[PDB]
Amino acid sequence: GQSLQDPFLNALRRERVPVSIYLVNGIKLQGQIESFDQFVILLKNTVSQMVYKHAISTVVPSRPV
Amino acid sequence: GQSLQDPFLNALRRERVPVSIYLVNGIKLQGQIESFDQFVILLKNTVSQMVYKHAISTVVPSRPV
Amino acid sequence: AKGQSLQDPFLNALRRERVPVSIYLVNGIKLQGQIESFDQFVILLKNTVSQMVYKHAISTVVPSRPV
Amino acid sequence: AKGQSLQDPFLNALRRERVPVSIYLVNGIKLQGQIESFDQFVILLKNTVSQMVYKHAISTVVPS
Amino acid sequence: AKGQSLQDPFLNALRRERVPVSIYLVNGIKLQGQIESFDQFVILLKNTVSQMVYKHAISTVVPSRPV
Amino acid sequence: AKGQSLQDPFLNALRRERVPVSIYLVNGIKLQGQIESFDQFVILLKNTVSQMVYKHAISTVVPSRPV
DNA sequence: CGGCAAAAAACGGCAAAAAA
DNA sequence: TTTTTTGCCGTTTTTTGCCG
Ligand SMILES: [Zn+2]
Ligand SMILES: [Zn+2]
Ligand SMILES: [Zn+2]
Ligand SMILES: [Zn+2]
Ligand SMILES: [Zn+2]
Ligand SMILES: [Zn+2]
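Residue numbers (PDB author numbering), protein chains in the order written: chain H, 4 to 68; chain I, 4 to 68; chain G, 2 to 68; chain A, 2 to 65; chain C, 2 to 68; chain B, 2 to 68.
FYI, nobody ran anything at the bench for these hints, they're computed from the structure. Any given hint might turn out to be false.
Some chain C residues judged to face chain G by a derived CB distance under 7 Å, without partners named [unchecked claim]:
id	residue
1	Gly-4
2	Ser-6
3	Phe-11
4	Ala-14
5	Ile-30
6	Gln-35
7	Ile-59
8	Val-62
We put the beta carbon where it would ideally sit given N, CA and C, even for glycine.
The task is simple: from the sequences and hints, build the whole structure.
So this is what it looks like as structure tokens:
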């Protein structure tokens, strides 16, 4: 979890808000949160890839929340 | 103990002090601290972005306290 | 949103169908191959030779034809 | 030793005696300053404005 | 599957048969050598010197000699 | 093996015998010195000035001569 | 307008691992 | 070792949207 992360990701997932995930290496990924558990986030754009949280630096929701 | 990270972040949150969050890759993220939990800091500039703590090196206030 | 409820079904789905995957590491290195098996911290990637890949060095796991 | 033992007294001795330190991060950035407080995960740096340093970014802590 | 059900039998298999291995770090450095021993966090890479490699710095462990 | 069977006896042996070691970090910088002491997360390394080295920044601990 | 069911998020018990 | 803490999972209770 939890507390501030999970409701944030859930709110972003429900409203299909486009997001810009920034990895620690600098690479930006775009798409929508399809699912997420404690360690990974299922990012969906034209393919549906699994992204490890430990590699993620920031999750930037493209439209105000 | 986790007892120096909380009172710090809450102090910053309460005083609405503009901070500079450095990432491990050298990126500087200026803005306000909306809320936080064990592993994420919510950071508020033109958009509320979620920042993973594990990607953060230093959190530098522009003010004291 | 529960611990490990998504990663395991995802990887198991990728392996059981032997779907070709591209595993991007945190350093940029792309590892093309097929998930042969996985556990809590590692993923055994099989292409030419079965190499063990640590998950903490993994950024993304991208399937090449949908799962 | 075994279990969170050497780290705490090292930082404590650095804090009590107000000893100036240079903190080398995993990227290469050198942060000189003074240790005001510390806990399991973070370290106050004092210097000009108390700045919070995450240990997971810290490579080493060298006394002066 | 789960836990270390895979990374332990793998490293063990690399250690009993004493196959030469190739340990890529997350920084790009390649470490050829041979698994002498390992525990939860470290791996003993024997060569001219036995060096202790931390798992959190390891990205891929490839069997050369493979098979 | 499991646990810290192998990482504690190694560092302890390197400390008892005051063996000079080269500690490589994940960024490539090569520290050198002598294990004064160590615990779960850090290693106290003593050379011209004693310093505290976080294990999470360490890739390998390479002795000069055997264990 | 009132139950019905999906889902979240808070509560609590369990048991491995840290601390003493 | 003993004792304690804490992250780990399973449950309940509340919400919310659909359906009756
Ligand atoms: Zn995290
Ligand atoms: Zn941290
Ligand atoms: Zn690991
Ligand atoms: Zn991970
Ligand atoms: Zn640490
Ligand atoms: Zn470690």
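Cross-check of the supplied hints:
Interface restraint check for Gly-4/C: the shortest CB-CB distance to chain G comes to about 5 Å, inside 7 Å, so the restraint holds. With 7 Å as the threshold, the beta carbon of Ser-6/C comes within range of chain G, its nearest partner Cβ sitting at about 5 Å, so the hint holds. Given the 7 Å rule on beta carbons, the hint for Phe-11/C holds: about 5 Å separates it from the nearest Cβ of chain G. Of the supplied interface hints, the one on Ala-14/C is violated, with its beta-carbon coming no nearer than about 10 Å to a beta-carbon of chain G, more than 7 Å.
The criterion of a C-beta within 7 Å of any C-beta in chain G is not met by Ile-30/C, whose closest approach is roughly 11 Å, and the hint is violated. Checking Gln-35/C against chain G by beta carbon gives a least distance of about 15 Å; that is not within 7 Å, so the hint is violated. For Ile-59/C, the interface hint holds, since its Cβ comes within 7 Å of a Cβ in chain G; the closest pair sits about 5 Å apart. Contact between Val-62/C and chain G, as hinted, is supported at the beta carbon level, the nearest pair being about 4 Å apart and thus within 7 Å.
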